[PDB]
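The primary structure of each chain is shown beneath.
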Amino acid sequence: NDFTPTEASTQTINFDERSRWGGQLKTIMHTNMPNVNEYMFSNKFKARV
Amino acid sequence: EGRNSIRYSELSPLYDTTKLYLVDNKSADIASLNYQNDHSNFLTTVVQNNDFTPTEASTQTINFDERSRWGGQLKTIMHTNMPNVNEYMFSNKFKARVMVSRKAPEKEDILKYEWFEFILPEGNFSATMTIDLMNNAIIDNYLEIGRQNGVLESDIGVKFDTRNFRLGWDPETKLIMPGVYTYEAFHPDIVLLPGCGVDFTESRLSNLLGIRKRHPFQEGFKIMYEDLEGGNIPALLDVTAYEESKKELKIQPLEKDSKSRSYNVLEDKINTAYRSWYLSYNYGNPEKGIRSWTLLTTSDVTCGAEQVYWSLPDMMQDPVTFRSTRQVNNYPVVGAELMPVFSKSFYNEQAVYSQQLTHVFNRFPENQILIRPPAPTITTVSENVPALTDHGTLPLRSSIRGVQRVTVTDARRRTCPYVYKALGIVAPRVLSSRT
Amino acid sequence: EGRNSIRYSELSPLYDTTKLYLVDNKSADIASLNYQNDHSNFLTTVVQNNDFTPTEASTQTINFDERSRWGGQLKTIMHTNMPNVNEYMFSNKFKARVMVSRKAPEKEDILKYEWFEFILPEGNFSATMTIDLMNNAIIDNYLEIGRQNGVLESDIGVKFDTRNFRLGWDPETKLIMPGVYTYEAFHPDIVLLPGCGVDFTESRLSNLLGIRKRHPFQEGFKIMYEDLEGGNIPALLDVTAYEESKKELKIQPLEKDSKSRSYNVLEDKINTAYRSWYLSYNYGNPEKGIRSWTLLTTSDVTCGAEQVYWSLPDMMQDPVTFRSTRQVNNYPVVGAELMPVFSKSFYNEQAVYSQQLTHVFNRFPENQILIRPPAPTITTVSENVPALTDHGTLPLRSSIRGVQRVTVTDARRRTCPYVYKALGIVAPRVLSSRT
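Protein chains in written order, with the authors' numbering: chain QA, 99 to 147; chain O, 50 to 155, 201 to 341, 385 to 493, 500 to 578; chain L, 50 to 155, 201 to 341, 385 to 493, 500 to 578.
Source of the hints: derived by calculation from the structure; they are not laboratory data.
Hints may be right or wrong, so weigh each one.
Only pairs whose alpha carbons sit at most 30 Å apart, straight line, appear in this in silico BS3-like list of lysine-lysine [as the list claims (entries may be wrong)]:
id, chain 1, residue 1, chain 2, residue 2
1, L, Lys393, O, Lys340
2, O, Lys387, O, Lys268
3, O, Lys406, O, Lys387
4, L, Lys75, O, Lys124
5, O, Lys307, L, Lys396
6, L, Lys124, O, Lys564
7, O, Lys564, L, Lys75
8, O, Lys142, O, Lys316
9, O, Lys425, L, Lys124
10, L, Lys396, O, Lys387
11, L, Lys307, L, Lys481
12, L, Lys393, L, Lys268
13, O, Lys425, O, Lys268
14, O, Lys396, O, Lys201
15, L, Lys201, O, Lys316
16, L, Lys206, L, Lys481
17, L, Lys564, L, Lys68
18, O, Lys206, O, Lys406
19, L, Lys564, O, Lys564
20, O, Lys268, L, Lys396
21, L, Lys142, O, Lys307
22, L, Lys425, O, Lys341
23, L, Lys481, O, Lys481
24, O, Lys406, O, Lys396
25, O, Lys142, O, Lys564
26, O, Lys206, O, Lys316
27, L, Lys564, O, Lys124
My request is simple: use the sequences and hints to build the entire structure.
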């Protein structure tokens, strides 16, 4: 918060060459989707009558 | 040798020293880069080529040879135009408590009082004209409010003067024997009536008046009538009814000035109700008196010396303890200087006193307390002088972009609008190795 | 290389030179650190961060790399406001022995004498106004005591003048032929009567008067009537009763000034009892006379040049022979300078002499000895000029705390209350190795 995000976009973090680096990744995620919806194709079917 | 090259991107390399120029009035930069800024926060090109527009120059670089540590000697030219009195420096305002609404009961002449916070014009003035404007600022509010209510001309509340009201004070008569006060200027002074006062907090004109505090770092500055113990102005002698016994002694004071204007004489016939700062400072009790917490000094028409800070945050490395940022509020500092402001003095013969027309700065010519103050024989005025300054050598950045930001700030970290010239010259040299 | 790093406690290290600033008007320091001190003994932060309060900064450190010896070039800015006449510098007092109680016997008019130690007001004045105030200081005590007893106006005892009382002195008449003394100023002068004297010990106004000692380092300075052998002022000619024989010679002196005031003429008719310093210095016996132990010099309106001492006892190492201490009485000295005080001169045409009203500085206008002195054609006045000073390079301490003490002192090791600006800049560089 001395820098705006635009200004931050030009900045860099530099991991020392002469070494190969790796990163362990952890994630948190939380959803809200309903059972029946159009996105997942779960509100339609066909029938001959 | 070897670790001393200076390389532009397509031209012959130089070696071991050059110059860099930071001028502010190149046409191409006037047109494109600088449209919404001023001479104190500007943006210039370090490339002098005119094969390239400044936009194109912004992508170019000057490269000082790694394997060496470089430093730059900095010289500056600066010229200003600021007036003595202005709003930017808080030098055109002050506060005062005065009287309003002198009406009779329904004991004797109940009175109301309040503060008003006056303002005066803007310009570059001597230290005599300033006093006159400060008096007119009060007379105008008098004509605005107190004239239409029941306040009189003999009871105003505040005046600024230059006289010593104790010369000619035989200590058997206990009065002013010539029947008139001395028309000579010694040092400026405040005079007050009961229930009134002055406040120079968030102001600067106290330095012009030569009044200062013994502990400047506390809160602020306020003088009231109840702090001037010992500064009562003595009354005059009644010379008009004096020769009638001298042609067996008639020693009474005066009361009026031939215009039905009271002198605020007290129940006794030795002194008046007007108090004064100079008298209480010189003649009153030094322990239990205002001398214990105030101080007499010379008048400074410049209204205080103040410093400036230079910043070049794309060429120089940040000095110790400074953070890197991109806010104009706090860039890093590469040099400090004083405002190029100086007092100059002049002799004022005048050979003529008490000229009297109805001049606006002498509205009350008959009264010896409300008369226009006398002028000093030494006049003082502020002037701007161009400043040539060497700031020493600072470390440089290894790579230098073609477009640079130049900034000048005041103590409170605000850009000064009264800079209209700012030139910069930088001379790089090797300082050490990194091998 | 390697032994050239500059490390703050959490930020990128610099190398081989930086700057440090020592300003006195940062808001956070005004509020907290500096509440009971002034601009000459103040306390400031060397950290410019505003993530930290100054209290928090006091625990932080700047660390200059051990394995090297560092030194700092010091530059200073300073601006003052002190008046010419003041109590701080012992420039508003002097002593004089005068006469009181002229009563007849019960042989001729027994007389008493004593010392009084006068005082005069405070302000910044020219060298003419100062003389007038010094005269009024004596006239006031006259009106206080001697007027009510039997002392007359023709026998005061002391006066300060500027005239040469020997022009127009035909050595056949042995008197002043024009019947009047020359109204031109040459150099200031003391005039005395018997039994009276002046003492400028523990005072400074002797330098304003241009009178000095040939051996200044002894005890003090005292002039008495019995040391002015040869300075008797000649009497005037009686022109009033001169044309009665010239229309056979009438050459008598005058006795009165048309106001029943004796000239203190002696038994002979060639000279008076008033003595004078200038006459005894120029016309008397140079061996057995006051010229043997006094000296004539120019007037110095500044009342003497005096030096100041800077101290920074948390940044610099102590120079040789100085002890380490924490008393404001004697800190170590890092720089010496002169008070920024300068005389300025002006021309005074005036084209008008002997104006005569009953002006307070001319109470005795008819008498040619007690008349107001004439003014020089060259006026002189004191002024304050800001001082820019380089003090050289001094050794630094390896570790520097974030809060620093800044002190200015006079010769007698007292803080000057007439400093209202003090800026400091320090530029560290490597001087040697310790490896």
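Okay, the hints, checked on the actual structure:
no. : hint                     : in the structure
1   : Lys393(L) with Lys340(O) : holds, 24 Å
2   : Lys387(O) with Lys268(O) : holds, 13 Å
3   : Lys406(O) with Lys387(O) : holds, 12 Å
4   : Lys75(L) with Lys124(O)  : holds, 26 Å
5   : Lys307(O) with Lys396(L) : violated, 51 Å
6   : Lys124(L) with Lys564(O) : holds, 25 Å
7   : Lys564(O) with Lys75(L)  : holds, 27 Å
8   : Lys142(O) with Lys316(O) : holds, 14 Å
9   : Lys425(O) with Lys124(L) : violated, 41 Å
10  : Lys396(L) with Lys387(O) : holds, 24 Å
11  : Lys307(L) with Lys481(L) : holds, 25 Å
12  : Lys393(L) with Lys268(L) : holds, 19 Å
13  : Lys425(O) with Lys268(O) : holds, 23 Å
14  : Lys396(O) with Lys201(O) : holds, 26 Å
15  : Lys201(L) with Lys316(O) : violated, 63 Å
16  : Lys206(L) with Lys481(L) : violated, 44 Å
17  : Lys564(L) with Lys68(L)  : holds, 20 Å
18  : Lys206(O) with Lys406(O) : holds, 27 Å
19  : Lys564(L) with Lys564(O) : holds, 25 Å
20  : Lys268(O) with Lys396(L) : holds, 26 Å
21  : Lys142(L) with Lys307(O) : holds, 24 Å
22  : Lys425(L) with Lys341(O) : violated, 54 Å
23  : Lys481(L) with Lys481(O) : holds, 10 Å
24  : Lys406(O) with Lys396(O) : holds, 20 Å
25  : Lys142(O) with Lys564(O) : holds, 29 Å
26  : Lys206(O) with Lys316(O) : holds, 20 Å
27  : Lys564(L) with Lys124(O) : holds, 24 Å
Hints 5, 9, 15, 16, 22 from the earlier list are contradicted by this structure; the remaining hints agree with it.
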